[PDB]
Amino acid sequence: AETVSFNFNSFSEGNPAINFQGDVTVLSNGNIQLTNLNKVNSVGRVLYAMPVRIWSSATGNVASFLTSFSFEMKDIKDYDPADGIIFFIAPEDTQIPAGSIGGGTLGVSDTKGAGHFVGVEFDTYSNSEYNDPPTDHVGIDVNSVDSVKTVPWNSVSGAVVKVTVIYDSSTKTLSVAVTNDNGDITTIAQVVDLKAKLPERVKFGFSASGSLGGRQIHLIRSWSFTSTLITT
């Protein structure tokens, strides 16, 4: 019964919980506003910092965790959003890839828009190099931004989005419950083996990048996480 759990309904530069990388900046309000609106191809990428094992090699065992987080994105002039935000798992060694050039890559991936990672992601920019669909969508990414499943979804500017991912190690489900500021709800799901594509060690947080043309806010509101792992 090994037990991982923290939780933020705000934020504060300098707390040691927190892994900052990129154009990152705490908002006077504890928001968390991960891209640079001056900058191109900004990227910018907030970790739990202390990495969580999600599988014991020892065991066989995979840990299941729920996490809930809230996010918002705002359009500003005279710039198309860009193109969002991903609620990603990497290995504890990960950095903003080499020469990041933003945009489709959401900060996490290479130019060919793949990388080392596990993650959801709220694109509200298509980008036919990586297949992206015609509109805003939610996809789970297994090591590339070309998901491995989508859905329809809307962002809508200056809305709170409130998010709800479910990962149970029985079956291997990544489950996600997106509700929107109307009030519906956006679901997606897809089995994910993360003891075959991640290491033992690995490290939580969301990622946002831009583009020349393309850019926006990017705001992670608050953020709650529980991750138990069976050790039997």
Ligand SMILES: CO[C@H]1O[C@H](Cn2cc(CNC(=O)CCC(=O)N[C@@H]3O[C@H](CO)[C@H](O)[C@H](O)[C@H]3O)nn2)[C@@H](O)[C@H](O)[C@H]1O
The other form holds:
Number of protein chains: 4
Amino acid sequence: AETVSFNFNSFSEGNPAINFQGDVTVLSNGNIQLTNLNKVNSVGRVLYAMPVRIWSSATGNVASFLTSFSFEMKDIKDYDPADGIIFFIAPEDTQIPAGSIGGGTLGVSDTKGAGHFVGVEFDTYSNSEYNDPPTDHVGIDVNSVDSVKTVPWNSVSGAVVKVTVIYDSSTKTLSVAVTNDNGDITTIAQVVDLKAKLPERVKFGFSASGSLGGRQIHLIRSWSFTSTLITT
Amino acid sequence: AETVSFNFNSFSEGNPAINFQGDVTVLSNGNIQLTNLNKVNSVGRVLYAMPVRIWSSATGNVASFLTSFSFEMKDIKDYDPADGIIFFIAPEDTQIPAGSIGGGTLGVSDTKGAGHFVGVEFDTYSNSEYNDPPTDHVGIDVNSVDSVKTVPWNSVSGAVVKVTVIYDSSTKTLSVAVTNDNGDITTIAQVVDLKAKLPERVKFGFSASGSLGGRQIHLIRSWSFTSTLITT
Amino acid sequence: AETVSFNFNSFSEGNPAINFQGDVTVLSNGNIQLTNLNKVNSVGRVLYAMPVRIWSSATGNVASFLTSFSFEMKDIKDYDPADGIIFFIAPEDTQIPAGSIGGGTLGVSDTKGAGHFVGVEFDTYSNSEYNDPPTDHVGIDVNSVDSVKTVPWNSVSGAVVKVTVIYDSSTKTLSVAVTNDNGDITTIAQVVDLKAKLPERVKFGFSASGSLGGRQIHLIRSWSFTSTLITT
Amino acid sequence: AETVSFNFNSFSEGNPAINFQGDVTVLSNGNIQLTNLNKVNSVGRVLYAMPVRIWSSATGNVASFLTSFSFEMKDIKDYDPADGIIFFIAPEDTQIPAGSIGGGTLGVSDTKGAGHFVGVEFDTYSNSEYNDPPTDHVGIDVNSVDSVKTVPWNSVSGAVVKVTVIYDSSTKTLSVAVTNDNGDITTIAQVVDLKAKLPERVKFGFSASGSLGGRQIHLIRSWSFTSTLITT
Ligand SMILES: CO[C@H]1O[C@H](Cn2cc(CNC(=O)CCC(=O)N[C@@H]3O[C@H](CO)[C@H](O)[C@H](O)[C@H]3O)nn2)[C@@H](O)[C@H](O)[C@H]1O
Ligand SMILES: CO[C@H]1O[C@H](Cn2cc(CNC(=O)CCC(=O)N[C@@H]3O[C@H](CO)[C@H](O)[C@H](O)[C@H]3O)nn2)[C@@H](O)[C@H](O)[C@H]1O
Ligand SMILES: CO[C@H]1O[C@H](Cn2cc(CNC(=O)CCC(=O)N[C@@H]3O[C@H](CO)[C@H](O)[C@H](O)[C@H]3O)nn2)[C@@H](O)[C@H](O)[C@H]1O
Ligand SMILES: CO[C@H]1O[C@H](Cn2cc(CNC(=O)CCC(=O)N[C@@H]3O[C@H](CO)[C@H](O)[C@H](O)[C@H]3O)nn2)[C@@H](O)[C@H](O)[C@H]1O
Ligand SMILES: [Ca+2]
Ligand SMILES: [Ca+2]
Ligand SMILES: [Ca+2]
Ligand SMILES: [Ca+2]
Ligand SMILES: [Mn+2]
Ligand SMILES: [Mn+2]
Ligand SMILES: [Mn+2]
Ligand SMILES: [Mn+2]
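Next block, the form solved in complex with the ligand, ref. the form deposited without the ligand:
Next comes the full complex, and the chain you just saw is listed first.
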């Protein structure tokens, strides 16, 4: 079996293992800050630099994966706490969309909300143009920020949030468990055919965005990942 | 929302949070040993002492949960390494079945392999009477040790195994990720309607068993759990 | 180490984690209402359902704990605002005293004011028979509602009160901080040997009572708790 | 009664409510970073800018207080995780000791470990020169980093730690409860006469330090405080 495994307890500016895109910075405490608080339509993304083989064209086999990460979103004086973080999977050549308006696109899609990715968004602003639910929510996205499915959630300013994600290749099920500050767990699951929506090799990472009036602190604190593809 | 959350880094005799059933002992290192290596058809089970409300007849709501645990199975001289461990959910009055033959029943079912439980088995012996697959496997069980679904797995003697389980109430999906010593992940997922198969109040725990010729060390090293039931 | 931890932001009927005794009800907003406004000598108590091992006869070790809760007492028309709430610790078999007169007993003691418990009382009526100070007070109680120590306090009708309690096992000190509506803090501390006054396994909870002409709304709004006992 | 109350969910370097001393910086996420990772013998301290009257020479009354704060200590590559954070109380003219060697002094004492302060240290290095216990520990300090009392503790890299402190003026008891990431609570309490050891007016704050080969990230995330002094 072919396995990709890594663990980040902290991050650093001169680490070849991470690809930094856009407005992302690494703070002295080791956290990744995805957006720039002084820029209009700010977009920042981080990717694990090595492409992951999620499916084999020779065997037709699809990888399963287990990943856990922690983040924090914090309000900043005078701006609307927006727009949120998305944990995404995309083709290995993925870049911030050209002429990105940031905001509700979460840095992964065009103005119409379309892109080439699979993701789990932690959305803190209700965009009517992308049929967002009225409150903060966790969503399962397939090539669109108009989520396939959402669940109500609450983004608590300054709270450390823990997420665990399981992709079971046989049932094609993406399962997500989000552990909040008040101790409650929020879950969401959806069948997503990764072999049909994504290429053979992909990149995994995080993206966040803001607008002129919607800005907040978006931090990635830690990330562990294991994927296993059967080679028989 | 109603949340039940606990974490065991170690275990102790006299800990009122754990109900011990059958041949269970607590080792000096804090590990739980489920079976007795010198007894024929040995059965040992540990339960979280408090009943957990997994669903409500008033709202029709069903809880989601996130649980992680670690175990170890180790071979002993001359006996067949058998029979394995099951992580199970059962009615609050659950007891080792009367006249239990241990063995392939894993301490949760009768001789015909029927019982009242939902579980995830780490099965190290192929019982033809229970239509077991030919190799070691992880299975999802619904009122029977004749699993609804299985996935091939390998039980490595002396290896610490990590398991993460997500139950998403909306899709009724039970997703399991098993992390082995060699770093590879094994996953299995199945739609199980806990509201249809179990009572409103249940107990969560572990069970293991052996036979005359089939015995091995079955250890529970740690267990964390969080369940959340929306109250409306 | 052996740790018991929980957090209630709200409460619900049928939550197997809480034992309801006497006249307790759960309101639609999630608050616990301890007494029944239409009953003479009303007594209601809520206990965390799982016993807590506060000390071990094997090692001689005693647990430390940290707990925070919020309550509200509100006046009702025609009756005297009485008698108050007590946060208490008692043997695991604890029940409302048989033939309880409620009133100044706070539902934890007999007519003479004696019982088997350790508690922190928020007393709103001056019972001369229990040597109460002349005004509202917070008291530390050891097997009696004739407090070992009191501090003057003011119970404001309809005000949400926040309490934090620390029990340091090494010094045997029970420290209490009460945050009033006017913003001021009230504190009280007393050395109490829980190993000498209580059994190894105990229950934690709240109790309130009224009399014929002494009745008021007694609400428990939230409760968080953590206890840790060092093990061999 | 005379009450001082404040709450910081975040901090800003351009706010007059806080005094910054030495190598302290405010990160974009709003956290306070006390030490500079690239400097030898780095010392940084933060103080609430308004002096708080803890006792009266006219009445002889002493204030009680309740304070809660959260911090994080994180390891950095190639340097020892040292030296720790101290929550301290000191005269209103308090400054980093002249020619401070940082390290085991925690930025509050001289080379011999003596200073004018009362504090609660979260010490991560065993300095034999200050009779430190062999492991990580929480200590209660009275004019010396040779603690009056200590309790074993474990500093987990990247973990958010919650602390609650109660000072009861009647018993002169300083009680501390520390909530760890593994769920366990650690407590320590000591009788400290603030009238005898400190002036009528004091400043409250935090300090941290490093050495040549002993450096780590020291962060202050939040701080709430309430003190009340009886004026009758
Ligand atoms: C209508 O213009 C008129 O006034 C303009 C003055 N103006 C207004 C604004 C602020 N409004 C806006 O930015 C509008 C766009 C908007 O609401 N985005 C959303 O902002 C969110 C946070 O609130 C989230 O981030 C969402 O994701 C994101 O979609 N900035 N400047 C003039 O310049 C213009 O000449 C004139 O004609
Ligand atoms: C066959 O009888 C004849 O010889 C007997 C002598 N014998 C044989 C045995 C051992 N066989 C057995 O125990 C048979 C049952 C068996 O295979 N269980 C499975 O053992 C596994 C480990 O290999 C797993 O644990 C499975 O889950 C479990 O089902 N023990 N004693 C006489 O006593 C009897 O008078 C006589 O007529
Ligand atoms: C004068 O007597 C004759 O007429 C009486 C008629 N009466 C009077 C009352 C009300 N007084 C009482 O209830 C007296 C007891 C009392 O003062 N409790 C305290 O009430 C507090 C609230 O004010 C707090 O709750 C304290 O904790 C609680 O101890 N109810 N009925 C008869 O009852 C009696 O048989 C008969 O001989
Ligand atoms: C033998 O000496 C000769 O070579 C030295 C060269 N040297 C050695 C070192 C490293 N040792 C040291 O730094 C020694 C001091 C020390 O152990 N502090 C503690 O370090 C901790 C982290 O491990 C914590 O921070 C504690 O709080 C802090 O007290 N750095 N430089 C010269 O400098 C010296 O002139 C010369 O004669
Ligand atoms: Ca949105
Ligand atoms: Ca089997
Ligand atoms: Ca009274
Ligand atoms: Ca030290
Ligand atoms: Mn959305
Ligand atoms: Mn099986
Ligand atoms: Mn009283
Ligand atoms: Mn020390």
